[PDB]
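Coming up is one lone chain in structure tokens, specifically the form deposited without this ligand.
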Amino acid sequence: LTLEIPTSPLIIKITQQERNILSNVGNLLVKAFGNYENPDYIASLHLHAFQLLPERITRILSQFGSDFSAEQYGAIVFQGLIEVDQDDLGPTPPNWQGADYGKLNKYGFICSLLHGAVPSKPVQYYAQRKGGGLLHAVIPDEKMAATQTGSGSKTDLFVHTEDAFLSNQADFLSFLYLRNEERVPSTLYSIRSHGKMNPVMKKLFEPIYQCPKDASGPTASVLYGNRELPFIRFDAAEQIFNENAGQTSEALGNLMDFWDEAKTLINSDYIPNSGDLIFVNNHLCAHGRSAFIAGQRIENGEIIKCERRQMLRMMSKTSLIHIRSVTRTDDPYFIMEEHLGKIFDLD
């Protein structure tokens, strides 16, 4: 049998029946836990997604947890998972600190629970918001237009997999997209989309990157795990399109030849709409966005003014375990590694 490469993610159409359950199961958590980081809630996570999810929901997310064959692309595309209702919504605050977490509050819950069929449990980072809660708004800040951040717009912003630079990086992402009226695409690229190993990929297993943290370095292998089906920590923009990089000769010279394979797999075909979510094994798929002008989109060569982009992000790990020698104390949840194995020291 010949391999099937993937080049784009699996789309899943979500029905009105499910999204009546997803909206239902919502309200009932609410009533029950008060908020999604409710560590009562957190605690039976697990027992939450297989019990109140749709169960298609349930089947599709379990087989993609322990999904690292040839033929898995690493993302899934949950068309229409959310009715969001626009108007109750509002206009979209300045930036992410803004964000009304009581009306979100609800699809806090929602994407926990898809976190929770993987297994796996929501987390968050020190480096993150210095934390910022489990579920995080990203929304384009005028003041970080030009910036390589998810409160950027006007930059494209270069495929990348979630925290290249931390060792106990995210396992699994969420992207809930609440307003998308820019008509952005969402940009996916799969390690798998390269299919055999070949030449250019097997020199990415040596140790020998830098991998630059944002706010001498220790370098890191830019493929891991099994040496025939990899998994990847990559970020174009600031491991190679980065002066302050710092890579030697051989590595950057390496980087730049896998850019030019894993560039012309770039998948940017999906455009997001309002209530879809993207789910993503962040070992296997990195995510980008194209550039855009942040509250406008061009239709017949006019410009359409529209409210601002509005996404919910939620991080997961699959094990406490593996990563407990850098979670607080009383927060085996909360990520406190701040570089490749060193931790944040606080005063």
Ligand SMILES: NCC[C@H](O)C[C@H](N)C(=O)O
Second form
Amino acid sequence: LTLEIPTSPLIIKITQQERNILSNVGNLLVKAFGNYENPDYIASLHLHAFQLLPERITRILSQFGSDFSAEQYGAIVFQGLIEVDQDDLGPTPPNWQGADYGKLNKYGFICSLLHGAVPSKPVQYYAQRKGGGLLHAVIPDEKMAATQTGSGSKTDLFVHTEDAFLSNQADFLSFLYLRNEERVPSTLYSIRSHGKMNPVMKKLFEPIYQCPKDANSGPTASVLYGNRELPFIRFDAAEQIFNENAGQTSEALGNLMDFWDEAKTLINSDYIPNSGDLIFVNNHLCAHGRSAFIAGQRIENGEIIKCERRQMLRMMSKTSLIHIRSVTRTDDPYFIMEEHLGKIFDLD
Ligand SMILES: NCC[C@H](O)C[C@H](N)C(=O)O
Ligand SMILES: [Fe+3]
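Complement to the form deposited without this ligand: the form deposited with this ligand bound:
Zooming out: every chain and molecule, the one shown earlier first.
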């Protein structure tokens, strides 16, 4: 019978036994490898992922990695993946630069294991903080309050797939919420929520769209690619549509406007992540964002509740080092040097 169109992500309630295993597995890996960027750990990542993760998590992620069917949302919420000791974590640093990665080391092991079970290899992009490592602290900055970045707060972060301007954008993403006391909803948008291929969607297969770099003669790409009936997406609502300098053709902007009108009714803002929740996303199916918020506060019965500022950890991964090899550093096949749709950063 009828197709069952996904409108929300799969919600997995992590158990106390699973939390405890992940903690003690994380603690063992820190003692064994020191840090999650250790080359000996990375080379044997999939082995540790499949051997050390709780069975149910491994099944969920293994199934998800190869699932591009009509019923797949392209996002999983792992509720209560970790217990965050808020007093040990201490105050949120002023910016991402202030993050203590010694503190976050266990979290980066746990996150890399989740990517390893897909299977997928964690990667870093020069397009993102000159690399910034395999794990990124996403903290609101007062200086970059009304910006279209993770460092943003005061404004809503319109739905986007990560790095729509790169031909070698992340395959999978994980967002580990350490703190979300402001109670900011995590917005998600799946191309699968559209259902069957329609004429509005078909126009997005044309490589007539500008994909500008993060907040004239640039190269163009297709918004939809992959299988013609069940496609993959590269989309940035703020950079491709709502940016004056997008440099779109009238035909291209119209097709993007027509698409946006359909897509915006499908955005899911129902999920407000709690501390210790992780959102695992297939970056080719599901776009992400987050609503506008005043960092360090929430409002209850018309009263301002001051709180600790939002703190989230982002990890990105690629399922094949082979494909991206032309754009990665010679001395590091996990470091992507791509700047814009095939073009590589010219440093000297
Ligand atoms: N559109 C991606 C932007 C990143 O989330 C944030 C950026 N690296 C920053 O934290 O300054
Ligand atoms: Fe993003």
